[PDB]
Amino acid sequence: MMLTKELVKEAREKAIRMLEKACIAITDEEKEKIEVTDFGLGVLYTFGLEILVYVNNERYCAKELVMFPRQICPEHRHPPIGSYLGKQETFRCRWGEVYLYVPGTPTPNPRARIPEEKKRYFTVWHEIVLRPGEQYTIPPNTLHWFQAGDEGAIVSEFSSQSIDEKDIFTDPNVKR
Amino acid sequence: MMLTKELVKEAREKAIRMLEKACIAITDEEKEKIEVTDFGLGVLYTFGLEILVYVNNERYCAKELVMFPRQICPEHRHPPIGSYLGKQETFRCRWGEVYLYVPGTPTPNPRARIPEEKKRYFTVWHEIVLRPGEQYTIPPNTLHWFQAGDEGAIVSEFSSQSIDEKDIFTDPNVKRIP
Ligand SMILES: [Mn+2]
Ligand SMILES: [Mn+2]
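Protein chains in written order, with the authors' numbering: chain AAA, 0 to 175; chain BBB, 0 to 177.
Worth double-checking, as some hints may not be accurate.
[Unchecked claim] Just some of the chain AAA residues that point at chain BBB, by a computed CB distance under 7 Å:
| id | residue |
| --- | --- |
| 1 | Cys-22 |
| 2 | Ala-24 |
| 3 | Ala-61 |
| 4 | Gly-132 |
| 5 | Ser-159 |
[As the list claims (entries may be wrong)] Quick list of in silico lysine-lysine cross-link-like pairs, BS3-like style, CA-CA up to 25 Å:
| id | chain 1 | residue 1 | chain 2 | residue 2 |
| --- | --- | --- | --- | --- |
| 6 | BBB | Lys-13 | AAA | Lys-20 |
| 7 | AAA | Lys-13 | AAA | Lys-32 |
| 8 | AAA | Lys-165 | AAA | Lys-32 |
| 9 | AAA | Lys-30 | AAA | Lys-20 |
| 10 | BBB | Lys-174 | AAA | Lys-20 |
| 11 | AAA | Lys-174 | AAA | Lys-118 |
| 12 | BBB | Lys-174 | BBB | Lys-8 |
| 13 | AAA | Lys-118 | AAA | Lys-165 |
| 14 | AAA | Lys-174 | AAA | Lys-13 |
| 15 | BBB | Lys-117 | BBB | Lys-174 |
| 16 | AAA | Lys-30 | BBB | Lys-20 |
| 17 | AAA | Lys-20 | BBB | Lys-20 |
| 18 | AAA | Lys-118 | AAA | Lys-4 |
| 19 | BBB | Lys-174 | BBB | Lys-32 |
| 20 | AAA | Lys-13 | BBB | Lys-20 |
[Said to hold, decoys possible] Beyond 10 Å from chain BBB on every Cβ pair, some chain AAA residues (computed):
| id | residue |
| --- | --- |
| 21 | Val-7 |
| 22 | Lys-8 |
| 23 | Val-35 |
| 24 | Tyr-44 |
| 25 | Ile-50 |
| 26 | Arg-110 |
| 27 | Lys-118 |
| 28 | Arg-119 |
| 29 | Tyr-120 |
| 30 | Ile-162 |
No lab work stands behind these hints: they were computed from the structure. Ideal Cβ positions, reconstructed from N, Cα and C, are used throughout, including at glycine.
Model the full assembly from the supplied sequences, consistent with the hints where possible.
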């Protein structure tokens, strides 16, 4: 299965509707530029993310992450690059709910549900549940992953410079 | 007149309602912590701002600025501090509309309406109108001010580290720290 132009358009339209439902104004030019990634894994609705970048420069970045129901962001970390410390980010759930996993003691009875054969590539299990208004901050170079709840989620990212191409994923099949 | 605890509570409640109308979730703990400033000028509803800080650290900052109808943020700039370049910020109008003024050729027929006797302390007049979804970025140490439209405005800030206490205002009557 492959990320086609038709799948991308469908995903953009779904994400645009979710943003509208959450009352988040988006320009026509931004609507066209929403990034759709299946992380190269060919199952967008299982592993994938729809991203609106508000601003990204050498000094700060802000994005809106849209997630369809139970969409999963595969495990990654944002490493130092040259003398750049690496991206630190704060997430704020805006709508729906998200299950975020970071290093720490495994939480019993985690909310996330991962395909059995992909569990090997999820290694952190300390759970943070974020509902609308709630936040959490990930230091640079820290492993993390997240899955939206059964209605999906919109999660804001506020961070230092983003360099998506340099992110390191646990799953060696991922191409960002 | 001075900013009392009752005036602060009233302003917080109004700003909370405006956030709810814009569907922006805020926690009970954030409701108590919204900053209300009249910039020390004693006319909150003319000059003033209601601020929710989402995050502010050495590496980045994000805030929600709530503005009542025609509330004005007095002219200031975010200067370098030591070796810190100074705050760069991007504004994004979320709701309502805002009239932002930056250095440049004065725009004829500006939308803003400033009290006659305070005009002397507004020195930049190049107009940027932001409606919901629209953004503008102010480089560090750049003079700027803004006024909300007749329905008010909610404006997001995304920026490098914020150090409000170091901001320099054109109006010498302003005290940022209440
Ligand atoms: Mn991340
Ligand atoms: Mn400013």
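Here is what the structure says about each hint:
no.	hint	result
1	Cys-22	4 Å, holds
2	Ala-24	3 Å, holds
3	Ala-61	4 Å, holds
4	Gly-132	4 Å, holds
5	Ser-159	4 Å, holds
6	BBB:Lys-13 with AAA:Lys-20	23 Å, holds
7	AAA:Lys-13 with AAA:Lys-32	14 Å, holds
8	AAA:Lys-165 with AAA:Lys-32	21 Å, holds
9	AAA:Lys-30 with AAA:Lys-20	15 Å, holds
10	BBB:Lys-174 with AAA:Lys-20	40 Å, violated
11	AAA:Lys-174 with AAA:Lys-118	18 Å, holds
12	BBB:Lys-174 with BBB:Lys-8	20 Å, holds
13	AAA:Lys-118 with AAA:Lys-165	23 Å, holds
14	AAA:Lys-174 with AAA:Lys-13	23 Å, holds
15	BBB:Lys-117 with BBB:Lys-174	15 Å, holds
16	AAA:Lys-30 with BBB:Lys-20	23 Å, holds
17	AAA:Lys-20 with BBB:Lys-20	13 Å, holds
18	AAA:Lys-118 with AAA:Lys-4	29 Å, violated
19	BBB:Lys-174 with BBB:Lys-32	20 Å, holds
20	AAA:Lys-13 with BBB:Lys-20	23 Å, holds
21	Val-7	22 Å, holds
22	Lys-8	21 Å, holds
23	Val-35	20 Å, holds
24	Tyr-44	26 Å, holds
25	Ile-50	15 Å, holds
26	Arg-110	19 Å, holds
27	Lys-118	32 Å, holds
28	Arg-119	33 Å, holds
29	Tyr-120	29 Å, holds
30	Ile-162	14 Å, holds
The structure is inconsistent with the numbered hints 10 and 18, although it conforms to all the rest.
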